[PDB]
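Undergrad: From just these sequences and the hints, can you work out the full model?
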Amino acid sequence: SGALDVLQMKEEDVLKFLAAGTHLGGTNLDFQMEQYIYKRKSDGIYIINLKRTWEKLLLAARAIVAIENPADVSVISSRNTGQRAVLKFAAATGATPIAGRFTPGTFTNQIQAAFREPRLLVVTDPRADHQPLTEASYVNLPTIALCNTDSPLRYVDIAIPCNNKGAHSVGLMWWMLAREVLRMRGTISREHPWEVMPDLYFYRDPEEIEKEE
Amino acid sequence: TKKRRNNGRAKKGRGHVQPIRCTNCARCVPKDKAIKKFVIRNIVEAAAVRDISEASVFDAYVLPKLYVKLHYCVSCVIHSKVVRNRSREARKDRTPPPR
Amino acid sequence: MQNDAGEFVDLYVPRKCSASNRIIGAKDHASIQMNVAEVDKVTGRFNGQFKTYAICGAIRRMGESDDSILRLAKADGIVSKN
Amino acid sequence: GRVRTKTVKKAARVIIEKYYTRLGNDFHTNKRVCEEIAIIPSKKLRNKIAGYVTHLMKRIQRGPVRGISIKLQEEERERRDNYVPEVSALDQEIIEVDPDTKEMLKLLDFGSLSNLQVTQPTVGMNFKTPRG
Amino acid sequence: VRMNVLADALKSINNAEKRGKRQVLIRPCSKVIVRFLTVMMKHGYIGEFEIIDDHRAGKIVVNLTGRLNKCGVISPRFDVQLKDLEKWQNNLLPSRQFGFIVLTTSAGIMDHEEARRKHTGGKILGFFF
Amino acid sequence: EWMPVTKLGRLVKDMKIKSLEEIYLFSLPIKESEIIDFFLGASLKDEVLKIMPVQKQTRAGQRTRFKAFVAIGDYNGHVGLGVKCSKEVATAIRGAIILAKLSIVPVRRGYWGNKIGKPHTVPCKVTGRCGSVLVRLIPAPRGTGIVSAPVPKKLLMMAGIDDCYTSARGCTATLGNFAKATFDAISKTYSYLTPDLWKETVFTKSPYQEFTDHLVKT
Amino acid sequence: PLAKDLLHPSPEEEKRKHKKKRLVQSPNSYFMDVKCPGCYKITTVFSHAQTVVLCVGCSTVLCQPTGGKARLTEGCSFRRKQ
Amino acid sequence: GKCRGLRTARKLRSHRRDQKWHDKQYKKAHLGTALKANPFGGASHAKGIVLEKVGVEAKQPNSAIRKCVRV
Amino acid sequence: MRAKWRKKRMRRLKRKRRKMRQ
RNA sequence: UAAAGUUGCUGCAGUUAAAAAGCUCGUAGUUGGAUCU
RNA sequence: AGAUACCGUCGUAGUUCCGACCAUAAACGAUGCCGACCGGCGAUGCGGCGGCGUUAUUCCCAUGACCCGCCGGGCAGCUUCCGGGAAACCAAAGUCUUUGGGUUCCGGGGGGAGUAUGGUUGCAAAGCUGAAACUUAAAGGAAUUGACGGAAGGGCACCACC
Ligand SMILES: [Mg+2]
Ligand SMILES: [Mg+2]
Ligand SMILES: [Mg+2]
Ligand SMILES: [Mg+2]
Ligand SMILES: [Mg+2]
Ligand SMILES: [Mg+2]
Ligand SMILES: [Mg+2]
Ligand SMILES: [Mg+2]
Ligand SMILES: [Mg+2]
Ligand SMILES: [Mg+2]
Ligand SMILES: [Mg+2]
Ligand SMILES: [Mg+2]
Ligand SMILES: [Mg+2]
Ligand SMILES: [Mg+2]
Ligand SMILES: [Mg+2]
Ligand SMILES: [Mg+2]
Ligand SMILES: [Mg+2]
Ligand SMILES: [Mg+2]
Ligand SMILES: [Mg+2]
Ligand SMILES: [Mg+2]
Ligand SMILES: [Mg+2]
Ligand SMILES: [Mg+2]
Ligand SMILES: [Mg+2]
Ligand SMILES: [Mg+2]
Ligand SMILES: [Mg+2]
Ligand SMILES: [Zn+2]
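One line per chain: the protein sequences are A, B, C, D, E, F, G, H and I, in this order.
Each residue of the first sequence is one higher than the one before, counting from 499 in the working numbering.
Each residue of the second sequence is one higher than the one before, counting from 6 in the working numbering.
Each residue of the third sequence is one higher than the one before, counting from 2 in the working numbering.
Each residue of the fourth sequence is one higher than the one before, counting from 7 in the working numbering.
Each residue of the fifth sequence is one higher than the one before, counting from 756 in the working numbering.
Each residue of the sixth sequence is one higher than the one before, counting from 139 in the working numbering.
Each residue of the seventh sequence is one higher than the one before, counting from 4 in the working numbering.
Each residue of the eighth sequence is one higher than the one before, counting from 2 in the working numbering.
Each residue of the ninth sequence is one higher than the one before, counting from -14 in the working numbering.
These are computed hints drawn from the structure, not numbers from a lab.
Treat each hint with caution, since some may be false.
Calculated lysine to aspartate or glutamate pairs in the DMTMM-like style (CA-CA distance at most 20 Å, straight line) [unchecked claim]:
(1) F/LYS253 x C/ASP41
(2) F/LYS355 x F/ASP334
(3) G/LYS7 x A/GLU532
(4) F/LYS291 x F/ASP301
(5) G/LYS23 x E/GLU803
(6) C/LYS28 x A/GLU633
(7) F/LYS337 x E/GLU803
(8) C/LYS75 x A/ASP503
(9) F/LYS154 x A/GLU566
(10) A/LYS508 x C/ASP41
(11) E/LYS776 x A/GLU532
(12) F/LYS253 x F/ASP301
(13) F/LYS156 x F/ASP212
(14) D/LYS15 x D/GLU42
(15) C/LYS28 x F/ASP175
(16) C/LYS75 x A/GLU532
(17) E/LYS773 x G/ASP8
(18) F/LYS355 x A/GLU615
(19) A/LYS537 x G/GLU17
TA: Put into structure tokens, the structure is as follows:
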């Protein structure tokens, strides 16, 4: 953010945050995530400070834009909740997606077919994407993670606090991270609303697709 | 080498626990160490339930239950297959079997 | 590094972690060197240079890398106050 | 036991991924295609490979398969995945908000939001599963 | 019971530095502790510290720069002459290029180099490098 | 002919990285021995410290394999240690040499007293540990040579240390642990925060950032 | 953790801490001005009073000792001093 | 742990000598029973009169007759 | 031989020795 | 005598390799919190 | 086969209480005591401090029973690349060759041997203290593979069974 008004959160972004339910964390708080929550509702649920989430998102975008080769960013999702969002983010920005199962040794074993050497790693859930997180610790690979209130922070360098359990919230953060990196890069203006809308990044939930058809 | 952190018993914070007797072999075993099982069973088994209900004099009598607390010494527990041996990692699980 | 004569007799000068000031060893592959692209104050666009931080493996293992990078960016003006 | 060996399965997967356009649901055309595009030194092995290719064609007909990866098929798959509703699910006339998140938004300087509807909070502080 | 407050202070700062923390609080404080922290100051190993005045015994909040490898105490506080100072620094210090032995002489509290300059021996307190 | 697979190998072969110290600066893992052969091929020597037969008991007999320990390093600034176990002794030695090349670490050398001439001894007292074996290197005056056991002496001479005092504790009869401990002590020489390294670091560009486009088109 | 200001503790967590474990120890007790239901004149009472405080201008019992804070008689009002 | 105070010299010395008595070589050299029981009486060599020639069985893993003499 | 029974046998031997040197 | 940091003041060990008294009290001994230019 | 045993029947001393001895246990956490620092998490027992909201009551404050936290002293548990360790494992068995907070006991290859002897305590049994000659290249600890088991689970076969 940098106290710049042009990079400050707007009313529309806040409304999308609240509609997606990003501020709604979990019933447990990791001690390394305490500086991101506001207070704890009487249902046991923690509320995430959305200003601070916006700041961490902007920092992650600044880290992403700082890599000259757009294909040298690796975007990983293991749960089905974030696979579509990850693929859309890769198509929009230019990163390399790994949707589905992460084969161990992708970073260490150079004989493997999928062997790659990224310069930045973005994951949807540090708990569910622990294998790439620990593999990054072998190849000097910085990591960006979407963290919940109970998300462990080992080997996580830029943590964006949010609700990474719901489909809408995960899709919304991947969509806004793409928007932020595109805006910083030079494509897309900050005044015209982005054409791509966040529902394109949402998990389709096959039983919902069947009703859709 | 130590096999179990709790030494196979549940004695923490005290010096002595009262001895009890194995229901099978009548062995003196500390109460915390002994393997205890609470059996609630129908007095009449399911095979004779129909005969008992047909030959009853009341309506909806509901057959009584039997409540027995069995205390077993480790040797008897293993021999009677009440408890089994497990792997070095499976030993740490204290969750009771689903059953 | 310096002898009495005045020249630097050393193979190389290693980097130090920007969070803990520890020397980052030659074979310590959990360490990272992040680059963060700062933005111009008018158009909100990447302008070309950046600010760089380096974190050792121990800090990352303890989970303190996130807070350390947050504070380093805050002191640099990258992250707004509060 | 009619369990196919890895020879048959890998051969069929490679054949399908390479020549998906030429194949179909017919065993007797698939076996000719296999004998034309591949070198299988046995007729029984050719028949087994063609049968598994037919089975896999039927499988891909109703969705994806973990073994196959067809480059042209992925474009159509993401085209189906490009579904966009008319109205965004995040565009709501009124969104319910707890008093605590309302206070947080006020501290954010976004307390002037109108779509927020401050719902009543919970009464009982019973959100934990009983132990035992 | 607690004896030799200096040992506790040095252990606390050593443990905080091993852990990578930027500030450490030491309690109780003492004039010996303050003099030791100041000789650590003048050589750039510690950083700025602040004394909190509780009416019983103060506390010290010490800022930490990662330049401190070890700091410890030597108990008992043996008497050191000028002749034996070389043996003591050979035993305790990691090199002749850096590291300091702290001692109380009649001239005050100072490192072994200043004690050599002033030609005074004393009692050893601790060391840091 | 060498055809690199890793990014670092491509950069090294393409005359983009000029020194091994640039790789050491960014703590990049080295996974191709041709990099070491390209940078220090002329000056590298190897020395098979030990061949040990290990045995695995089986239903019929003992299956025997051979473990080779190989120390490598030009006698100026660099050294490496490698352990490889294989069914044939020659294969084991070849693999151990490859591993020793992959494990080359830089050695920091200092002065005992006056800083006149080139560095000749360890910067300060350092310690390495590997399974009950503790090895301590102490700075020594010029011309004192290496006062150590033969096994650490080989590695210390191979690294480039001219003068050194040594103290070892534990079961040094296990050559592998002794060698790994002295290797660890040697490796710690550039991780000790001495006052001459207190100056704030100036961060440069990593090879992956300096040559992003060249890697893109190659 | 790591960079946590021990010099400037926050008031909420300073009250959260034990009385002897603060930066400067501050007692948790206080002195109250207690008004009887009928008597016009107030009495100074210790919050954690260990004695049965009697009204100096009457026979009314003002507070009863307990494990911690003393229990005021029903109707007897009180205001915190200073 | 051991005592470390400035006035603990007597305790340290007394403990060291008492524990020194638990060393096999030290006790053998300083107790005086070994020298009394030694047939040479502490000498490096001795002179004797041959009593008889004897053959001694070698220990179990190797079979041989060692030719000795009673002196 | 079990240590307990070895101690028992040694105690029997001691008892015999004490009774013999009355 | 060194090797023996296998007598350990420097400088060893005591869960399982040899090893912490069954437990507590207690004289001598040893050690002993800030504070005074 | 034998059984001076394991199984069964009877059954003395004892097992029980009081008064005097005995002072030994795998008397075990096989881990001295005092003090400081060093990660998280959820529980639990006692005491205190707060807070909606339910219950005893039917209305009054109460004070009890729950519920959500905080503090302190405990019995512990899970977790962790704190760090240690030969490892098993240990948040102490960490803050140790970067070796010093105070202080008690105590070990020094395996046997002979906790034996002989002297002393001392005890009615006794025995307790405490406690050698040497001589003998020996290992004894021992953790952990890895096999082999075996009268341990537990599965699976297979008309050279098994049905
Ligand atoms: Mg066993
Ligand atoms: Mg108790
Ligand atoms: Mg007991
Ligand atoms: Mg030694
Ligand atoms: Mg040996
Ligand atoms: Mg000697
Ligand atoms: Mg020596
Ligand atoms: Mg020893
Ligand atoms: Mg033992
Ligand atoms: Mg004990
Ligand atoms: Mg006394
Ligand atoms: Mg004093
Ligand atoms: Mg008989
Ligand atoms: Mg009987
Ligand atoms: Mg005993
Ligand atoms: Mg004992
Ligand atoms: Mg309570
Ligand atoms: Mg209350
Ligand atoms: Mg508690
Ligand atoms: Mg020590
Ligand atoms: Mg004691
Ligand atoms: Mg012995
Ligand atoms: Mg006698
Ligand atoms: Mg005794
Ligand atoms: Mg074993
Ligand atoms: Zn039994």
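Undergrad: Under the constraints set out in the numbered hints, which ones does this structure not fulfil?
TA: 1, 2 and 5
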